[PDB]
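Colleague: Could you put together the complete structure from these sequences and hints?
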Amino acid sequence: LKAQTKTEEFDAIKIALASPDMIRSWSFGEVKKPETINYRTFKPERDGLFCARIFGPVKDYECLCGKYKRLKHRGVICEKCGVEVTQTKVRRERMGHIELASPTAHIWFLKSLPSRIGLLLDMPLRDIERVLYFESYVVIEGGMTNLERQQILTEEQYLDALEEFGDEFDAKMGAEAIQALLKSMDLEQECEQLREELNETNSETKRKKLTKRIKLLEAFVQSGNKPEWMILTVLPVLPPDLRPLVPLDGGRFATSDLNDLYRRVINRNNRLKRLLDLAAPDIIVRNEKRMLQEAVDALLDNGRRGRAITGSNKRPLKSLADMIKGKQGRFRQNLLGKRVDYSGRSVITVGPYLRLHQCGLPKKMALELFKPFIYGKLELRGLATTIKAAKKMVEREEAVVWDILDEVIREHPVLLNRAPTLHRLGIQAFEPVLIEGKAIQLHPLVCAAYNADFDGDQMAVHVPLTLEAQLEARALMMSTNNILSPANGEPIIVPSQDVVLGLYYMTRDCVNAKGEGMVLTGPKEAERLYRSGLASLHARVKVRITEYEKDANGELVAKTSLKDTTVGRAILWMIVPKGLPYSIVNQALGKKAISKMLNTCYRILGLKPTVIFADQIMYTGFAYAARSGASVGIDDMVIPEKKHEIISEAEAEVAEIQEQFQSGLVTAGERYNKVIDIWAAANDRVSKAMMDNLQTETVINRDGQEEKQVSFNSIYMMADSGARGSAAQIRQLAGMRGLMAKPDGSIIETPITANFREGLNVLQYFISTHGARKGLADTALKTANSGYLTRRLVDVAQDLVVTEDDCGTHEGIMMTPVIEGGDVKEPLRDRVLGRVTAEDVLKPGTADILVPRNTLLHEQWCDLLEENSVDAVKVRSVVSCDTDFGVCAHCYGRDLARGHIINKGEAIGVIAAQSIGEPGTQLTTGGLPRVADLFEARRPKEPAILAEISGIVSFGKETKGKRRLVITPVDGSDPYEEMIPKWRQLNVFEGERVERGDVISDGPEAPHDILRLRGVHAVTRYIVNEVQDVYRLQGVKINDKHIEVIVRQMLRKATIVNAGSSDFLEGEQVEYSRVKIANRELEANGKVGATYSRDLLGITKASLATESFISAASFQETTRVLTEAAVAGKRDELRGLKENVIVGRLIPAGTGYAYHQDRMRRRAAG
Amino acid sequence: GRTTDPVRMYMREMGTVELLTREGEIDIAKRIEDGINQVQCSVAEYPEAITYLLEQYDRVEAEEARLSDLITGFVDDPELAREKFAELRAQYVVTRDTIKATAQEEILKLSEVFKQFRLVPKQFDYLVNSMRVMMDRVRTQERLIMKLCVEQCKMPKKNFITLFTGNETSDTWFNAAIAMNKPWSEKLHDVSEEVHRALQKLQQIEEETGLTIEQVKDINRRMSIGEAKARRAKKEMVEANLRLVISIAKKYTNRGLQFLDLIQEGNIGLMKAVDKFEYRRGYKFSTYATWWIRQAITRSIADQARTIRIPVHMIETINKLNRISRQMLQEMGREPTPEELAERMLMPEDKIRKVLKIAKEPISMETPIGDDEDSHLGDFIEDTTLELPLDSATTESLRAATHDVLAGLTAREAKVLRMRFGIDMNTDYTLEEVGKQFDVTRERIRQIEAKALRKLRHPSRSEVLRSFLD
Ligand SMILES: [Mg+2]
Ligand SMILES: [Zn+2]
Ligand SMILES: [Zn+2]
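Line by line, the protein sequences give chains P and E.
Here the first sequence stands for residues 5 to 1170, numbered as in our numbering.
Here the second sequence stands for residues 1475 to 1944, numbered as in our numbering.
Any given hint might turn out to be false.
What the hints assert, rightly or not - Beyond 10 Å from chain P on every Cβ pair, some chain E residues (computed):
hint: 1; residue: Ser-1542
hint: 2; residue: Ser-1585
hint: 3; residue: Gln-1678
hint: 4; residue: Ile-1679
hint: 5; residue: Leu-1820
Claimed, not checked - Interface residues of chain P toward chain E, partial, derived using beta-carbon atoms under 7 Å:
hint: 6; residue: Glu-39
hint: 7; residue: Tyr-43
hint: 8; residue: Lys-76
hint: 9; residue: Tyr-137
hint: 10; residue: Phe-257
hint: 11; residue: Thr-259
hint: 12; residue: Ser-260
hint: 13; residue: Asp-261
hint: 14; residue: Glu-292
hint: 15; residue: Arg-294
hint: 16; residue: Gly-310
hint: 17; residue: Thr-314
hint: 18; residue: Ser-316
hint: 19; residue: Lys-322
hint: 20; residue: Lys-392
hint: 21; residue: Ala-393
Just so you know, the hints here were simulated from the structure itself, not pulled from any lab data.
All residues carry an ideal CB built from backbone N, CA and C; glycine is no exception.
Modeller: Laid out in structure tokens, this is it:
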């Protein structure tokens, strides 16, 4: 089979240095003139930056001179001026060149931080530049006379040396010299000699640099790049249409900055050739050569010499490097953003009538959006003669088009998105419902996922054009298909505010009301009793209900009974589907409980019933909340009657301590602490006063004299249910609010005595203002911090995707309840839920296996483990996964919007980063910067030192800067002595045995240590526990998984100890290494296998290392990455997400996983 | 020492050379005179240089050339030129037959007359080039005969120059030195076929050039020396006047070209100044070079300093329009009307709007617009050259319509209609062309077309197509 020649579907990409002949290969002509256009007839001057001959025809399929204007004549080169008549797009394609008179250095390889020409020649930068500017002479191929090869001389020195040695000695200067250097260089010889020298002398300083350099050399050799190519003989010119001269309004022209530069280069070059043909003196031609160097440099990358300015404008002209790099930090267009067709946006409204699987869309919007579909469908039925007439029809908006639109809309989903996109739920699919208006209607239950208020937030809409996109949206991005946050299995469809106030008001009981103590047959006549006004919504009543339990095998049991409940609960029970027990609705129904209802319902009945259930809950919530007549008046907020008294007493305390300071019984600062303490305590008192009052004060009579229950007051119900408001804010409404603190952070000792129900005076408000401003500023800052964090996270994970099914390793981490301090800051059941057991676990007695081997632990398994007393479960994690270059689904967990085990091919790194990043706005050393420090693995300010090795220790030597510590193992030797500064108070006992990783001092410790001394599981445990300590303290739920994948990406690199294949100290992928040692344990060398040591790299550091260079060019410094890759001739095979996103082909994950797989195996095979 | 930014590494590098004394200028100029006149004399001593000039003038009177392309004029009109050339030919035709000792006295004078001709720089260059290339021709044989003996046949060069000097043509050295019984003698036989056969051109040079291999080297060598002297002096002078160059270029700064560009073009100007200067006119070299350098600067600026090149007269025309603006600005109290400067200026005066337009420099497409954001000018420039898809779907749809409708007519009417227009075929065809292709010709086809158009005219044929005209 003939392989191929012409266009195929390409794989990978290659990058390297450019040959003069290769540069010419791209070039379809040499631009010989600085001229652009004729100045009258705007036609291009021949052989110029803009040209028809070299590049392409001005107008489609037409010659410049105008001889052949017909679409027939195509492959024809015109006799007058050769122009092959072809599409003008080719002028966007065909490149060019310029033959430079004097050699020129490529500024990217001169000025890159590790200067390439510099370290390749083992020559310093300042020397090379000094040579390039003709400031001094440099030797080349010195031979045996007096002098080195790389040695540098001066005018007089060169003269004297030449006088002594005429031949067998060589020196040049300028660019020609550096080129001569690079060309005369023999890499192989250097390889041999350097290997020898490496082998001879023993010093660290010597063989370190030695091995680094030989590695560099042989790499550059294997690349295929020859050093000469660092010096440009020929300069390629970019196609004219990529740097357009295109005109504007008012007969004004606008052109890019590349034209100014290129024109300069051409000018100075031609002038150099001219000065050569005139036999000018040395100084002149030298000045010209230097100027040419500067011009070319400014063209390539501007700002590394002089920062040349554009014509008549101060602002420095944008060079090719800036063209590539882009702006906004690192953003390459596939990053910052890209405009997209078939889209729209607008202000959003409520639409409670909507089912949760749909949403409202404006008529006009849907018309303009689906316009092509509308055309094709209009003429498919025959209502329109041709596409033209169809346009005329929809343009006139004839009455017949609306129905056709209703046709094309029906099963066709649309994508909705908000501005602050964090987690995947930031974009969700809905079924369009045509609505009269300009506003988008969005289902209330989803308002939590978007974090969208109704205060003028806008949403954007995208149309899933291709069939695959329709099915992707419907089976993945669909609202109903994600009911559960990917961070934790808890439902994100949880009812929000009005609805929960409705369900709260419904089920609740006042002491006495209509129909108190009566009995009813079923919920039907309970509701019938209520609506007729005979019975009150809340009253204690016994009613017969039929509840189901599916506890049989796949089968619903039915039982009936007389339940003691309320009218409202009875009415609400009608909604509750099937196998849910009545108990769930027999409570007060707070936001938490109303959530657990949906949860249990989902883990029992499945998806569909949970969906319809949730919908019904929303509808009834709204309806009964409406009927409730809940409102808020000025008298709804009740101030304690004892407030003024507390104020006065706490105010007596301040004058007590004041008198004490007057008499000197107490110091100033101690006084300050005292007064601040008494005021704080006062605030606590008033708070717990108004709380009790506003809470239980309702005093009502049933058949007797008195009794008292929880208040029916509005603001209380609101705060208690969880609809909105909280004890903190309610506290500020009735009782006094806090004490404020000046910007310094010094807390003022005169708190705000008044509240919002009362008036605040001038001072109090002024003092509050700072708190407000710092609030908005801090929050607006932490949004950005969160963004940056998520960015670093996705950059470090990304391409991690579920690939293999099961790696099959018994390995895993021990899962215990968190048990911090006092009782259980988080249970065992949550930590082990949805995960998979590494190995079977026992009962108190054994040979009875509850959970066999590796099995998904769902609610039933976890409750079965809860029945038994088992406190200990070993669980498989993504950090310990044996699979290389990915995670096996059997290792990850079940967690997803769906309860089933994680799918094959879903990209977990991304979702992990998103899950860690979404709550980051809700975070307050501690705090969010603490999290950032953790993932960066930064060594703290005042750390602690763990014991290096177990065994008895003692204090060695004396005081100079350190007092040495001598460790003494039981069997093995004791060379180990660590130098610990003695001015730091120690911990370790001079006479006691210390296990490795014990406390030899206090303070936090760097996780590098924990990894090295205490182990891998130990360090991952430290990271996860500390970060979870940060989040959980704020009330944020994040499963250990995501953190664990981030951790796995942190430790991806490790440094070898032993040898037998690769280099000694190389940091490398533990995937590569483990795959190579597992392969070397058998066959190959019998066992040569090399030991490594796991390394801990920070997230921002581990993000630096990526195989694909196109990926690195995205988020890193572009200028360096391109060069540093181009020298080694690095070949990017794609294989990752980011790269395939840039190149614009199907993502090697998700749906595309069936593609890249069926490809990847076809590659490197038969 | 090196601060980078070549403005410095230049400014300092030139500052080394000390300014010339008023006498030193005359010294250098004298050195120039010495060099040049040396090469001129060396040219006059070459027979081929004379015979060539004659052969050229024979083509001048034969109307194959003009008197301007040969001479720039003598030390002195076509008549005077004819008689002067006659004088040349006269001295040539005498010196030629006197070769039989006494000839020399005339060969000297033959130079003098030939030295009266001031050649066009091009012609002189042709001559000198011919001489040097001739020297290449000599070197070919010299190195051939040398390498064929010394390198190949193993002979010392020490003994190789003995019988060489003074002859290097006849067989005195070739056939009489191989019998010498030297260690290198009998070795000279192996290559004897290659050395003697290539000698053909060696003795040929003494025929064409009219000089033995002896003189041929001497003359043009003296020439080379003269050239060297000349360039040495001239270069020296330029290197002395660089300071003047910079001082001049400082005036032209913001005209739209870089500083170093200005001083470089100015340097070129100074080079030309040294090339064309004569100290014998008593004109100070400073004020003479000033004009030349200024000329190079200006002339260069006008030419290459624009994104859009404009003719010289146009540029000056623009400046003239600025001058009026200046006075008439404050004079009129606001500014002169767009048509004021029009009658103020010579030419048709409506050209203002035109001239005022093309003059303006194009705004940088990278000019950032508001918000400081990545929004930059060019990002907002829309493509008007693309076609809308809404029309592109119609262009594809019309091809179906005309196809079905053409399926409607008779096969021959369809052929005639598809032919008379470019429908699904290369170009289109003339009515007579359609005639020759159908075997039925002229008015005939023209009729069939009409009725065809007539059949597609009234509705139910038309109703599909009629919807295509908006
Ligand atoms: Mg908002
Ligand atoms: Zn043409
Ligand atoms: Zn695994």
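Colleague: For each hint, tell me whether it holds in the structure or not.
Modeller: Each hint tested on the structure:
Interface exclusion of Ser-1542 of chain E from chain P stands, the closest Cβ pair being 24 Å apart, more than 10 Å. The beta carbon of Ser-1585 of chain E is kept farther than 10 Å from every beta carbon of chain P, the shortest such distance being approximately 27 Å. Chain P leaves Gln-1678 of chain E outside its interface by the beta-carbon criterion, the shortest separation being 33 Å against a cut-off of 10 Å. The Cβ of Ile-1679 of chain E sits about 29 Å from the closest Cβ of chain P, beyond the 10 Å cut-off, so the non-interface label holds.
No Cβ of chain P approaches the Cβ of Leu-1820 of chain E within 10 Å, the least distance being about 20 Å, so the stated non-interface status holds. The interface hint given for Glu-39 of chain P is met, as the beta carbon of that residue sits about 5 Å from the closest beta carbon of chain E, less than 7 Å. A hinted interface residue such as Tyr-43 of chain P counts as satisfied when its beta carbon comes closer than 7 Å to some beta carbon of chain E; here the least separation is about 5 Å, so the hint holds. For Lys-76 of chain P, the suggested interface contact is upheld, since its CB lies about 5 Å from the closest CB of chain E, less than 7 Å.
Proximity of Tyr-137 of chain P to chain E holds as hinted, the smallest CB-CB distance being about 5 Å (cut-off 7 Å). Hint status for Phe-257 of chain P: holds, given a least beta-carbon distance of 4 Å to chain E, under 7 Å. Of the supplied interface hints, the one on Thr-259 of chain P holds, with its beta-carbon coming within about 5 Å of a beta-carbon of chain E, less than 7 Å. The interface hint given for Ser-260 of chain P is met, as the beta carbon of that residue sits about 5 Å from the closest beta carbon of chain E, less than 7 Å.
A least Cβ separation of about 5 Å between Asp-261 of chain P and chain E falls short of the 7 Å threshold, and the interface hint therefore holds. Given hint, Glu-292 of chain P at the interface with chain E, holds; its Cβ is 6 Å from that chain's nearest Cβ, closer than 7 Å. A cut of 7 Å between beta carbons decides the hint on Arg-294 of chain P: the least distance to chain E is about 4 Å, and the hint holds. The closest approach between the C-beta of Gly-310 of chain P and any C-beta of chain E is roughly 6 Å, which is under the 7 Å cut-off, so the hint is satisfied.
Using the Cβ-Cβ criterion of 7 Å, the hint placing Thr-314 of chain P at the interface with chain E is satisfied: the shortest such distance is roughly 5 Å. Interface restraint check: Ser-316 of chain P against chain E, minimum CB-CB distance 6 Å, threshold 7 Å, status holds. A cut of 7 Å between beta carbons decides the hint on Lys-322 of chain P: the least distance to chain E is about 5 Å, and the hint holds. A cut of 7 Å between beta carbons decides the hint on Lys-392 of chain P: the least distance to chain E is about 5 Å, and the hint holds.
A distance limit of 7 Å between C-beta atoms decides the matter here; for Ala-393 of chain P the minimum to chain E is near 5 Å, and the interface restraint holds.
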